[PDB]
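K.L.:
Letter by letter, the chains look like this.
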Amino acid sequence: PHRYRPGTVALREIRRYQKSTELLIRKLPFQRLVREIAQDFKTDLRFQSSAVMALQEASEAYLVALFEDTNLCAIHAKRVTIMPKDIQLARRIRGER
Amino acid sequence: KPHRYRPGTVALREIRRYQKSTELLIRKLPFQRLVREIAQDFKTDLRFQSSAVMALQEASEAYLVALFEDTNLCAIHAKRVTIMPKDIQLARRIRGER
Amino acid sequence: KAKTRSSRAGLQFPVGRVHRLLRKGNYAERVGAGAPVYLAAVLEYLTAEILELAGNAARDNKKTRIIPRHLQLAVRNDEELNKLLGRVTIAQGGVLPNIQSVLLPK
Amino acid sequence: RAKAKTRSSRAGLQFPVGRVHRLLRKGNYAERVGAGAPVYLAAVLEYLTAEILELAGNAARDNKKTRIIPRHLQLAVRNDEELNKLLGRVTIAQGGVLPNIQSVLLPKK
Amino acid sequence: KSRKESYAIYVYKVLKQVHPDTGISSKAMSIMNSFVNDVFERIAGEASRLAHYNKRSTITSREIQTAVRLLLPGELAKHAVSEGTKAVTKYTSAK
Amino acid sequence: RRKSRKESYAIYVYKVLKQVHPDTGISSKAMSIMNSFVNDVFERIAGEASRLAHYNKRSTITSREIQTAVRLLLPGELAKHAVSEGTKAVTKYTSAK
Amino acid sequence: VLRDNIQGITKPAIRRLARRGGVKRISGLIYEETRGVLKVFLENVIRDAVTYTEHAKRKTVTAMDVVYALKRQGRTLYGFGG
Amino acid sequence: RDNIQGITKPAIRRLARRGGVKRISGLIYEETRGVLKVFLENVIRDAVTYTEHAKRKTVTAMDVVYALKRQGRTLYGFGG
DNA sequence: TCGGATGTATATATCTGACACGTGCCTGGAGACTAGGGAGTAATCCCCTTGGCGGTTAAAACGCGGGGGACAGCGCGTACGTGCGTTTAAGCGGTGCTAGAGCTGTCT
DNA sequence: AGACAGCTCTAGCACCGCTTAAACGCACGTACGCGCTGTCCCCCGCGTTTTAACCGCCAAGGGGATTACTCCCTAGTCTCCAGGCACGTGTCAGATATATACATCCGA
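Each protein sequence line maps, in turn, to chains a, e, g, c, h, d, b and f.
Taking PDB author numbering, I'd label the letters of the first sequence as residues 39 to 135.
Taking PDB author numbering, I'd label the letters of the second sequence as residues 38 to 135.
Taking PDB author numbering, I'd label the letters of the third sequence as residues 14 to 119.
Taking PDB author numbering, I'd label the letters of the fourth sequence as residues 12 to 120.
Taking PDB author numbering, I'd label the letters of the fifth sequence as residues 32 to 126.
Taking PDB author numbering, I'd label the letters of the sixth sequence as residues 30 to 126.
Taking PDB author numbering, I'd label the letters of the seventh sequence as residues 22 to 103.
Taking PDB author numbering, I'd label the letters of the eighth sequence as residues 24 to 103.
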């Protein structure tokens, strides 16, 4: 049947996910991850639904911003594919490493 | 044939020298006049403490040095040795200066 | 007759609250009477600029209610509010629609 | 009058507890400043001072020098993973930078 | 006390003056409330720096005007200073 | 006229230096940097201690506010050592005469 | 006991974030790289948030704890209180 | 005026060399001057602003330190 | 080329629970007055900053050769995108409980 | 502002059933990483030139720091009352559902 060529659905997805603000990570898996990490610092912690949302909003914004910076340095290397070294470079240039 | 160091061999030595030393690399007089030239655009007849011009030079040189490191990192990332203007702009953009 | 300091200054923002907050925020042991009036005027001005750009974005999007998307679009589109709020993340704001020319088809 | 002894000596500290206590009250960081705050803060400041001075003195001895200079302070701060993170946004005058060359820059055949 | 302090009324009134036909969502309203609180802390914070750097024990229009010029960009600063000086002018002259 | 006194931690940085390296000296430039560092760290810990007191609507900065500011500002091992030193100092200060 | 929940952040979820970020093509290596980055980011933000929670002697992580943590790290979040 | 061009090409090179750069394209100099010019403008404008608030006519080292402190980079070694 | 697939934006109608309006009321804003010391004003000084001359001599500028590294063009292969059927548990609604957030009062 | 006792009653955690979209494993193609090659330009290294940064010494004057004096401006306390803030309410905006245009891309 009809098939979209590579990159067509990616551009469409970029437009769709940029035109939309909803959270892209599943709420329940992220909530479990937050709890798993939080238990390392202090056990039996409880998280307000607003607190988990705050972490997800920040995490999605942080990663989206990081992917923007990563995309910029990927284009600089004359690549469209982002590589782990691109994330590592951006994080080092950003000063967070 | 006169003995000549191969391109970059003296640069590799210059890097060690300047990284080993800590003196300021911009001449005090050109920098001092540049500070007053820019300051004149904000307020006329300004005076600068001798140490104030030094503070601006220390920060300016440390900033450019730190910028060149980040610039070199992104130049190496592009599989290049020579740093180009787009490398500076990229480092400044990723650093959040624009 | 008692008339609010906000109306005297020609401002909507609560000069009394701004004065209260400055007095309670321990920014100094004393707060001059002109400080909250000046501060309230700046806060009201920034609020008007933000809402004006947000309302214009809402109208462009044929919406009549400002939602976080409009605030984000306004803040990031204005070359000076973006710089003021460069370190700010807006919940449910998303990002500016932008794809680099190199990524677009030939 | 009772024997006068400094608060720092009671805490086993060299740093001035009185100066830290006064600076906290004069800086208006809070409406009130508890007696434990300057003692705890002075201890942290003294420990961090010893931490940097020890690493700086080591760097000085490693450089065969008898006095710690800005260079030794910069090397001590940037060589320690945690001090480098604590002072990442800090620039030290006359300190220079760490001797650093990337492997791709080193000479080859 | 349980009382909640927010700029809901003031943001709405300014919105009515800027766009009487336009409303604002409770989510966008909470953002604006946090934005006002954040900018207020920045200007008040910088104003505290200026007072302390000049060992002054009070916050006046000069500290605010300077803090605004430091924190706000060029055009925002010029307009904010204009609005601030105008508001203080009317406030002082109106008695 | 006579020059006014300018207070600095010079004598304290030197006394601590004599403890870590009795034979090592310190130049005036390095002393100025150490004084700058002490004042910078002081303002940062005190600045975070203010935020903590304010967030909890407290009017008094206590050891708990300082300890929390230290844990937040200082990295992991530095925080542990600093907390231990601060705790030892405060405990010995309170128990001593 | 919660364990290995980092793998709960599906590859399509990372893809969507990258798509919102304008990423056109994502290397298969990015997925594990992104999880490690996010794991560090969340550890830093949660450590600070839990620190505020512990200082308040609370057992429930309040939304303000996350906002203050994000503020301290220079990534302040608007929309969850003042 | 020419004072922007007064920061000599070798001075830029020395900074780049201290920064670990091994090779420098001829266009880095003009770009570096612009980058420095905007950096100095942001720091001087704040220092001048701190000076004006003090009603002083000379920019002290503290005025530059506070300008940097606000600019987000702290400079050690000048007191205060 | 190119026409057909076929997702996203838009237009239509219904809906609905969100926010905009209406209300009660009390506590936080405004008004009045004081104390008082912080802040402004004035005179003074002096020092360090700005300005100038001399000169020399380190550093910068300029010219040149060439080689090495930036980058155009290329091949390819394997990794990643996309499509499909599978199936999985997140999302949704419902029910349970009681930890512990939030508050008051004491109170000390 | 916390030790202690107690109340509320919120809402976070605990749990099941059902839905079905999101996640998943796998098929499979050609888009795209990059290794390799060619090349030329433009950047390094040095001789050579020169200029202006640098040192050192002196002028001077002005503005910064200082002391002396003052008072008017703000914090504290008191008075007051209607502005703003939980509650009540409903209606109409854009979510949701449905239909259908059109722009954008693919197989021919």
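A couple of the hints might just be wrong.
In the SDA-like style, the derived pairs of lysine to any residue whose C-alpha atoms are separated by at most 25 Å in a straight line are [as the list claims (entries may be wrong)]:
(1) g/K96 - b/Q94
(2) h/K58 - g/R72
(3) d/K117 - d/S61
(4) a/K57 - g/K37
(5) g/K37 - h/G105
(6) h/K32 - b/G102
(7) e/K80 - e/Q69
(8) b/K60 - c/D91
If you anchor each label on the Cβ, the simulated ranges turn out as follows [said to hold, decoys possible]:
(9) a/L66 - g/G29: 30 to 36 Å
(10) b/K32 - g/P118: 23 to 29 Å
(11) h/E106 - c/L109: 40 to 46 Å
(12) a/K57 - b/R46: 36 to 42 Å
(13) f/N65 - g/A15: 29 to 35 Å
(14) f/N65 - h/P51: 24 to 30 Å
(15) b/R46 - a/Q86: 49 to 55 Å
(16) c/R12 - g/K37: 50 to 56 Å
(17) h/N85 - f/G95: 20 to 26 Å
(18) d/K121 - a/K65: 31 to 37 Å
(19) h/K86 - b/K32: 29 to 35 Å
(20) e/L49 - a/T81: 30 to 36 Å
(21) e/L66 - a/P44: 43 to 49 Å
(22) g/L109 - a/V118: 17 to 23 Å
Everything labelled a hint here was simulated from the structure, so no lab data went into it.
In this text, a Cβ means the ideal position worked out from N, Cα and C, and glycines have one as well.
K.L.:
The structure should be examined with respect to each hint, and the outcome stated for every one.
P.N.:
Going down the list of hints, with the structure as the test:
{"no.": "1", "hint": "g/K96 - b/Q94", "verdict": "holds, 18 Å"}
{"no.": "2", "hint": "h/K58 - g/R72", "verdict": "holds, 18 Å"}
{"no.": "3", "hint": "d/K117 - d/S61", "verdict": "violated, 29 Å"}
{"no.": "4", "hint": "a/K57 - g/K37", "verdict": "violated, 42 Å"}
{"no.": "5", "hint": "g/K37 - h/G105", "verdict": "violated, 30 Å"}
{"no.": "6", "hint": "h/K32 - b/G102", "verdict": "holds, 17 Å"}
{"no.": "7", "hint": "e/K80 - e/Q69", "verdict": "holds, 16 Å"}
{"no.": "8", "hint": "b/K60 - c/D91", "verdict": "holds, 24 Å"}
{"no.": "9", "hint": "a/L66 - g/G29: 30 to 36 Å", "verdict": "violated, 46 Å"}
{"no.": "10", "hint": "b/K32 - g/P118: 23 to 29 Å", "verdict": "holds, 25 Å"}
{"no.": "11", "hint": "h/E106 - c/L109: 40 to 46 Å", "verdict": "holds, 41 Å"}
{"no.": "12", "hint": "a/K57 - b/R46: 36 to 42 Å", "verdict": "violated, 20 Å"}
{"no.": "13", "hint": "f/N65 - g/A15: 29 to 35 Å", "verdict": "violated, 46 Å"}
{"no.": "14", "hint": "f/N65 - h/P51: 24 to 30 Å", "verdict": "violated, 40 Å"}
{"no.": "15", "hint": "b/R46 - a/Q86: 49 to 55 Å", "verdict": "violated, 38 Å"}
{"no.": "16", "hint": "c/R12 - g/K37: 50 to 56 Å", "verdict": "violated, 41 Å"}
{"no.": "17", "hint": "h/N85 - f/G95: 20 to 26 Å", "verdict": "holds, 22 Å"}
{"no.": "18", "hint": "d/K121 - a/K65: 31 to 37 Å", "verdict": "violated, 50 Å"}
{"no.": "19", "hint": "h/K86 - b/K32: 29 to 35 Å", "verdict": "violated, 59 Å"}
{"no.": "20", "hint": "e/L49 - a/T81: 30 to 36 Å", "verdict": "violated, 54 Å"}
{"no.": "21", "hint": "e/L66 - a/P44: 43 to 49 Å", "verdict": "violated, 59 Å"}
{"no.": "22", "hint": "g/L109 - a/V118: 17 to 23 Å", "verdict": "holds, 20 Å"}
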